[PDB]
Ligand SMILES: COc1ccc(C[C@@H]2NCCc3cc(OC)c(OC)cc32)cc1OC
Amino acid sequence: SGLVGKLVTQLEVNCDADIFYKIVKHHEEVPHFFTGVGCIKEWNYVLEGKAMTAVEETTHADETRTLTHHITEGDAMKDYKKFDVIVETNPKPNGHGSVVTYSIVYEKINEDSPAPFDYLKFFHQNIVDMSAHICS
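Chain structure, single chain, in the form deposited without the named molecule:
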């Protein structure tokens, strides 16, 4: 037991859901502007001060405001047999502002593998960083 799991961080953001989805989507594809007009790509990042690399297949779905990253190889694969990251944006139930959900769906390589709390804080911080460019 304990090899298959999911970590989620969900944040409320005072921004329309479709607009925030467009900003997240554009930020990941490139950014001079905040908005822009399958796909395998390199993913280079710094995780708690350590530079890392990955290859990921990405998809997006505009109607559900969902970005998906399926990591196929790289530093994350040292601990995981499977590592998928999903970002979803949805309106708050009232309609003023939105809820942003980052999910990491993972399968550990073995029992001594960590669960990806370090990646969760990393993606959480991405939401915070982008939210900071939005005025209240």
The other form holds:
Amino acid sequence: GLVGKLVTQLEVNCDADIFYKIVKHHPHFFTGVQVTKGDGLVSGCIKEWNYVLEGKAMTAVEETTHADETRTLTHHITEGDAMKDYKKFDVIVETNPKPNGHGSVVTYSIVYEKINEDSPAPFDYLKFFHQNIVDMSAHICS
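The block above covers the form deposited without the named molecule; next, return the form solved in complex with the named molecule.
A single chain, with no partners or molecules, comes next.
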């Protein structure tokens, strides 16, 4: 099966709307541009990343869009090392209140389509994104 999705979901002790605003505004570096929607206000960005994953230097080009009303960030990868393995690679970050009312659930989903049946599934990316949100979440408190 070539099409799949990997998910990591974590509970965080933080209001969903604030946490989303934190995530939205944030060896590696990027160059790139911001994207606007017509009113001159930034609606997203396009970045070329240089990063190291499990010791190997890689590049990617990522177009990011946000949806404030659903607290969703979407990172659409168009180019780079990952596209040697995947025809499609998108990363969707959602933040929602726990039905308990107070804290939040953060979901990172990697939606992918492999080039062929010999391509890996992106467990190395899932672990990276997971640890990154754990790390960010451990620099926040009430």
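Numbering follows the first chain given and starts at 1. Definition used throughout: the rigid core is the maximal C-alpha set that superposes within 1.5 Å between two forms.
Of the candidates 44, 59, 64, 72, the Cα that moves 2 angstroms or more after core superposition between these two forms belongs to 44 alone. For residue 126, the Cα deviation between these two forms after core superposition amounts to 1.3 Å.
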